[PDB]
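Peer 1: Below, each chain spelled out in residue letters.
Number of protein chains: 4
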Amino acid sequence: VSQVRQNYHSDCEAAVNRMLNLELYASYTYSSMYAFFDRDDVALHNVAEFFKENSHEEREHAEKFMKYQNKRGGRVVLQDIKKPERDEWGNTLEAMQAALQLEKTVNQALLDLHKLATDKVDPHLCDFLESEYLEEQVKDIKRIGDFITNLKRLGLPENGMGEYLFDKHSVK
Amino acid sequence: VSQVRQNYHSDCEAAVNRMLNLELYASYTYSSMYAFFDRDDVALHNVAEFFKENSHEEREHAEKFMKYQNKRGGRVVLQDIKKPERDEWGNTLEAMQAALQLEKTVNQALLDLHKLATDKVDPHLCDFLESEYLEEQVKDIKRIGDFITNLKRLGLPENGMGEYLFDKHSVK
Amino acid sequence: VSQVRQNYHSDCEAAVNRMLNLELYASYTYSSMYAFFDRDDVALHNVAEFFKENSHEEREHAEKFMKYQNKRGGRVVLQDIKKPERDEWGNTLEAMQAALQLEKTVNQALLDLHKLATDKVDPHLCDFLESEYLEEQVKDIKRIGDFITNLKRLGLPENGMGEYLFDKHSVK
Amino acid sequence: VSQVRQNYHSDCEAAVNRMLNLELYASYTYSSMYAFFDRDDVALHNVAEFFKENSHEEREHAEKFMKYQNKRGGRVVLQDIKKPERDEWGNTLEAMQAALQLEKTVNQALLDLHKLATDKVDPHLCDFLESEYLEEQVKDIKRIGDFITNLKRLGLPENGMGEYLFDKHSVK
Ligand SMILES: [Cl-]
Ligand SMILES: [Cl-]
Ligand SMILES: [Cl-]
Ligand SMILES: [Cl-]
Ligand SMILES: [Cl-]
Ligand SMILES: [Cl-]
Ligand SMILES: [Cl-]
Ligand SMILES: [Cl-]
Ligand SMILES: [Cl-]
Ligand SMILES: [Cl-]
Ligand SMILES: [Cl-]
Ligand SMILES: [Cl-]
Ligand SMILES: [Cl-]
Ligand SMILES: [Cl-]
Ligand SMILES: [Cl-]
Ligand SMILES: [Cl-]
Ligand SMILES: [Cl-]
Ligand SMILES: [Cl-]
Ligand SMILES: [Cl-]
Ligand SMILES: [Cl-]
Ligand SMILES: [Cl-]
Ligand SMILES: [Cl-]
Ligand SMILES: [Cl-]
Ligand SMILES: [Cl-]
Ligand SMILES: [Cl-]
Ligand SMILES: [Fe+2]
Ligand SMILES: [Fe+2]
Ligand SMILES: [Fe+2]
Ligand SMILES: [Fe+2]
Ligand SMILES: [Fe+2]
Ligand SMILES: [Fe+2]
Ligand SMILES: [Fe+2]
Ligand SMILES: [Fe+2]
Ligand SMILES: [Fe+2]
Ligand SMILES: [Fe+2]
Ligand SMILES: [Fe+2]
Ligand SMILES: [Fe+2]
Ligand SMILES: [Fe+2]
Ligand SMILES: [Fe+2]
Ligand SMILES: [Fe+2]
Ligand SMILES: [Mg+2]
Ligand SMILES: [Mg+2]
Ligand SMILES: [Mg+2]
Ligand SMILES: [Mg+2]
Ligand SMILES: [Mg+2]
Ligand SMILES: [Mg+2]
Ligand SMILES: [Mg+2]
Ligand SMILES: [Mg+2]
Ligand SMILES: [Mg+2]
Ligand SMILES: [Mg+2]
Ligand SMILES: [Mg+2]
Ligand SMILES: [Mg+2]
Ligand SMILES: [Mg+2]
Ligand SMILES: [Mg+2]
Ligand SMILES: [Mg+2]
Ligand SMILES: [Mg+2]
Ligand SMILES: [Mg+2]
Ligand SMILES: [Mg+2]
Ligand SMILES: [Mg+2]
Ligand SMILES: [Mg+2]
Ligand SMILES: [Mg+2]
Ligand SMILES: [Mg+2]
Ligand SMILES: [Mg+2]
Ligand SMILES: [Mg+2]
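Taken in order, these protein sequences are the chains called A, B, C and D.
For the first sequence, the entry's author numbering begins at 1 and goes up steadily by one.
For the second sequence, the entry's author numbering begins at 1 and goes up steadily by one.
For the third sequence, the entry's author numbering begins at 1 and goes up steadily by one.
For the fourth sequence, the entry's author numbering begins at 1 and goes up steadily by one.
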């Protein structure tokens, strides 16, 4: 019964709320990675800042879904933001592997929401996902996979010199 | 039998002509609103200019469909532009309510055309509607709904001071 | 057993983690307020943006505690960020009243942490709280109290014109 | 019996003189490190310059205590500046480990002086230490610990390539 609401299915409204929870969850996981790489016994500042920037990106993605919900006449419903799966992230390779899996999880949720929007015949929601989320997801997954290939090349996890070189030349 | 025509169904060609008629109809309705708010016994110039700008926007939307028709090899067929439903628009709240309904009518026609384009497997027409029309429609509907909420807050229709304040602070 | 750790009590390390949880909780509450005032049936955009900016400020405060933890050789430990107390915030006056109470809650936690830092004879932590948190808290509480006084003056909650005027002249 | 003296305990005056001796001692130790890394058989110029800059910083810290002593009406009393503990510093890792211990020694003296100032109820001296010394100490200790973690990662002391890479990418 919002005066603006048109062609917006209740199931899509709910799925949008779940999606923005997941973006906040992803933001929090990257926050955790930032703090781990900033530890004095880890001390890879370029890596830390990479994850810090990703944390802000994911928060922005969540805010964009809140704005979207309101534009369509749906109602934002928030739930707890669950803490990350780990308290410590091992090393740059383990963290990047976790980041790749997180990005693929977020991507799968976006594709699932696109499929729901398709089934409910909601082209505005389809366009929004395609224009604002799906391409950035593919780019981010490609970036992280490329990093993982380089970290393996550099001899991670055992090769500390390799880890240092990555921090100084791949995320500088 | 246009040399450029490819994957363009006769039903979509006809629906595009009907859509650009409706954009011209919407333009004319907003023209009428501009003239009403410019009356010396109405005299809400910021509101009048808001509607005047919307009238030009809708005309541009019509022209874009004419260009689209030709790009696909369809043929522009014009029909009369029907005069607006009312000759006078009451006050800012009544006008905005009429504008909201008009915008939702235009939006429904765009969504119907997108569904036809989907059924005829015409991704160029789908993309055109998504990229050029559907998002602006959602933004415009949200803007007008927000205005209506504020006009009600301000005590319209009875509260003339409220109407004055809206003209001076919401469409300045 | 961090190599950098000096004069940093385990209880202060734990209290810093709890404090940065509370800053994230406060950020999330302000996010919720932003989304409520952006609703088409609420539509007070200046108020919404005020709360959105406060949400980002609180997130920055949390990040600063993460950096602080690491600088002292403590270890960041994250917990779930609990969803806000309410899903809808009534009106500008109710929201500002909730904001005042939230700010006083955060302030009390900061003062409690300062007292713990005092008891553990940790002048670096005392200075950090005084220089980076306690003054901004007093300023923010004063700002919100001033707003509440003005919203009451303007006749909230009943006086919708008053609410409109505040949005247009106090948070413009 | 200085005309300016107020609320300045004789024990704090004496402790300030001892503190500025220790800053000069720290300056001299870093001078020694600069000269060692500038040796033709050591030849790590970026590391050498890092230590040279730290030597000047510590001298400035000493001068600031002299100015402070006079501002409070105490009397500067100088003692010999003892030569550093070592004549040669092994390698970048050994030097950084010595630097970390020196920084923690200076920090402990500053915290001890803050405790004395607290016991003598001297808030001006407390503020001075907090504002001018204690935060820079925490930052410097964190910087050196981060370096040590990276030097170990790079395989020091055995890995000469690692040592070269640190000089070229961490203190450039
Ligand atoms: Cl609907
Ligand atoms: Cl529904
Ligand atoms: Cl929901
Ligand atoms: Cl759960
Ligand atoms: Cl873990
Ligand atoms: Cl995952
Ligand atoms: Cl065709
Ligand atoms: Cl056909
Ligand atoms: Cl036709
Ligand atoms: Cl007819
Ligand atoms: Cl009429
Ligand atoms: Cl209509
Ligand atoms: Cl006014
Ligand atoms: Cl400790
Ligand atoms: Cl402890
Ligand atoms: Cl904890
Ligand atoms: Cl709980
Ligand atoms: Cl509620
Ligand atoms: Cl509270
Ligand atoms: Cl005295
Ligand atoms: Cl004395
Ligand atoms: Cl002395
Ligand atoms: Cl001696
Ligand atoms: Cl020696
Ligand atoms: Cl030492
Ligand atoms: Fe995301
Ligand atoms: Fe991403
Ligand atoms: Fe990204
Ligand atoms: Fe239009
Ligand atoms: Fe429109
Ligand atoms: Fe528009
Ligand atoms: Fe005004
Ligand atoms: Fe805060
Ligand atoms: Fe103090
Ligand atoms: Fe201070
Ligand atoms: Fe605050
Ligand atoms: Fe603030
Ligand atoms: Fe110093
Ligand atoms: Fe220092
Ligand atoms: Fe320093
Ligand atoms: Mg309603
Ligand atoms: Mg529903
Ligand atoms: Mg979920
Ligand atoms: Mg749990
Ligand atoms: Mg794109
Ligand atoms: Mg690339
Ligand atoms: Mg021909
Ligand atoms: Mg035909
Ligand atoms: Mg028609
Ligand atoms: Mg007729
Ligand atoms: Mg678009
Ligand atoms: Mg707006
Ligand atoms: Mg250790
Ligand atoms: Mg502990
Ligand atoms: Mg708590
Ligand atoms: Mg709960
Ligand atoms: Mg201050
Ligand atoms: Mg003020
Ligand atoms: Mg005298
Ligand atoms: Mg004396
Ligand atoms: Mg001494
Ligand atoms: Mg001697
Ligand atoms: Mg300071
Ligand atoms: Mg650093």
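Calculated directly from the structure, the hints in this document are not laboratory data.
There could be a bad hint or two in this list.
Pairs count within a copy or across copies, as identical chains cannot be separated in the list.
Said to hold, decoys possible - Below, computed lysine-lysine pairings styled on DSSO-like, alpha-carbon distance capped at 30 Å:
#: 1; residue 1: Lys168; residue 2: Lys64
#: 2; residue 1: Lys152; residue 2: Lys115
#: 3; residue 1: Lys152; residue 2: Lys64
#: 4; residue 1: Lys152; residue 2: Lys120
Peer 1: Now look at each hint and say whether the structure bears it out.
Peer 2: Structure-based check of each hint:
1. With identical chains, the CA atoms of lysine 168 and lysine 64 are at most 30 Å apart between copies only, with a shortest distance of 24 Å across copies and 33 Å within one.
2. In this assembly of identical chains, the alpha carbons of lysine 152 and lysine 115 never lie at most 30 Å apart, being 35 Å within a copy and 38 Å across copies at closest.
3. With identical chains, the CA atoms of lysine 152 and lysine 64 are at most 30 Å apart between copies only, with a shortest distance of 28 Å across copies and 35 Å within one.
4. Taking the closest pair of Cα atoms, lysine 152 and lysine 120 never come within 30 Å of each other, the shortest separation being 44 Å inside a single copy and 33 Å across copies.
The structure fails hints 2 and 4 (numbered hints given earlier, in ascending order).
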